[PDB]
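Just the one chain here, the form deposited in one PDB entry, laid out as structure tokens.
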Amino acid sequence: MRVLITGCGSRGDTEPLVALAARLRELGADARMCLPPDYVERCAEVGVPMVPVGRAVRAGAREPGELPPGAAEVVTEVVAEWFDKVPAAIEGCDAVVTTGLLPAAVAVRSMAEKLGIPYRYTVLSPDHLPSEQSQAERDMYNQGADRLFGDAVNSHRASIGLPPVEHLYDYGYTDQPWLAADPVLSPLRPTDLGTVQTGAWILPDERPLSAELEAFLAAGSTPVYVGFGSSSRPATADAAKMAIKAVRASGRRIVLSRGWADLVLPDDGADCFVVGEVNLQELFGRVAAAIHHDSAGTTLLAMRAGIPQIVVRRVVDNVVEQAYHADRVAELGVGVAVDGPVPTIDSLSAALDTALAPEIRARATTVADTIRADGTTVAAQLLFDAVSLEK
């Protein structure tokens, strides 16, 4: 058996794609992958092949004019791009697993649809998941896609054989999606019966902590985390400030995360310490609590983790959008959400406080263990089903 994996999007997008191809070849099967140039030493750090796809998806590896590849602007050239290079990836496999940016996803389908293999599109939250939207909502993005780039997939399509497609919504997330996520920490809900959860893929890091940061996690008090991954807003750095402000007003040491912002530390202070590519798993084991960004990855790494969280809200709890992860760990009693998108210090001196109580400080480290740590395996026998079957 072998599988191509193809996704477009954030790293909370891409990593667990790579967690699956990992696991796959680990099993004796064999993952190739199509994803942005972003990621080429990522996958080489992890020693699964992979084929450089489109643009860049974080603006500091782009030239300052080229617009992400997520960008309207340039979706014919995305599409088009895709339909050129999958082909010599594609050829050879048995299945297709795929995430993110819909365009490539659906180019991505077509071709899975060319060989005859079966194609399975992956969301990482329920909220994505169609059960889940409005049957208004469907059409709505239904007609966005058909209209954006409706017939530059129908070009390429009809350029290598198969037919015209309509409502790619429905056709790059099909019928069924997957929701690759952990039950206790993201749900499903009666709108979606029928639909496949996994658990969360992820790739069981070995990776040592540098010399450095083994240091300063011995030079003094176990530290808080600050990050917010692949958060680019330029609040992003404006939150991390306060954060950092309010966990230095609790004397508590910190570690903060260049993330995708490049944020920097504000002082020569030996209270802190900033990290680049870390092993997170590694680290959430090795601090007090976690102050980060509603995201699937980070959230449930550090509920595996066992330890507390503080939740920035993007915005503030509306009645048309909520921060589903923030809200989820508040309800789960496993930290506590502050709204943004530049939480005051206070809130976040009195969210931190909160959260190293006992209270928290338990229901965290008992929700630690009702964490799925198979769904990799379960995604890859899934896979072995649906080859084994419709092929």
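Residue numbers count along the first chain shown, from 1. Throughout, rigid core stands for the largest set of C-alpha atoms superposing within 1.5 Å between the two forms. Compared with the form deposited in another entry:
- Only 301, out of 101, 117, 301, 86, shows a C-alpha shift of 2 Å or more between the two forms on alignment of the rigid core.
- The Cα shift for residue 172 between the two forms, taken after rigid core superposition, is smaller than 2 angstroms.
- Once the rigid core is used as the reference frame, the Cα position of residue 55 differs between the two forms by less than 2 Å.
- After superposition on the rigid core, the Cα atom of residue 357 is displaced by 2 Å or more between the two forms.
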The other form holds:
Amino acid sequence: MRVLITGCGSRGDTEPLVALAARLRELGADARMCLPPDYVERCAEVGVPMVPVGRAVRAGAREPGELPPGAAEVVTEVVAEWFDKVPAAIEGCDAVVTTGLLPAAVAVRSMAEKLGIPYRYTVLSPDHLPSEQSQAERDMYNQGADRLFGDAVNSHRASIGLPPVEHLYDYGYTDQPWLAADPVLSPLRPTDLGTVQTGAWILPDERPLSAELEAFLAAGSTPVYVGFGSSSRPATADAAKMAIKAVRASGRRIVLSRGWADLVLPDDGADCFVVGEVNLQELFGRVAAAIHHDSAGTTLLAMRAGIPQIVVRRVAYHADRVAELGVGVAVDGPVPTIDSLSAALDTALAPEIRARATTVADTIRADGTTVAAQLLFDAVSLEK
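Okay, that was the form deposited in one PDB entry. Show me the form deposited in another entry next.
Only a single chain is listed, so you will not see partners or other molecules.
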């Protein structure tokens, strides 16, 4: 079949869509995408028909003083822009999957309505579930949503046939939005039972490890991974620095992460290997533990890998899920102390913890995109 996958937002909530799409294709389904301009390169290196829409998300890829698509001063432009370019793309489609910017979501749901096809909205964590919010909170969302782009929405719905809608938050998120997160790391709460959880949507990584790294890994004792993301935030660098130290203090080698914008590293004892755009799927399965920030993406990769992990919590969700599962330790504060990171590491490197991380991994799913696909297929097969 042909499925349209739209979305407007950052790389964190957009990459999943590219993964569902690429998967739907592997299953012989003409899946096309509607994303902000700054994703063409990506859809290129993965091979997914993608038609650009609206301003670019990444400030850089954007004109001099051109506001971002989330800017209040351009909600209306956003509504119109989408309502305009989406019709071409949603041409021969029997299903639509969306995530991100509500305005663009409401816009897309309408083409789905006009065309009478099924529409699915997805969120990446249970926190973002409408059902996990208070009835009042849901009212602020709908009120503010309506008060912000409501008129613009109903004007284009009218300007094309559909009747006026109210409660744009409920309208865009759907009664029961899909949750593309892993059930073990992001389990549903007792209030979200009527929700459908497919599993995390991650793109497979085939890339091999460079010969140098292969050389490093082979050349000695299993190293520890330290990676805190692409944050250039001063604290992030201190945490990284403090982690290198906790790892050395434990007589262990390191595989450290660095961004494209960081300054070159002065020197590295032959026990530290700097790594950039590496395949984390394959690498995590080559290390003893991972010290990293509070991020679902890295946390899951590590959990699938079955390696103990140390998570430095923000200002704390995943950090704590790691301890709840008894698979890692949530050290905390922007910059934890050498003692703090050292006691955590001592726990992480404990055989019993490694065994627990191993047991856990045996319970993690890797078929979210396929489960998603099977749901879409059944959708078309009963609604179209």
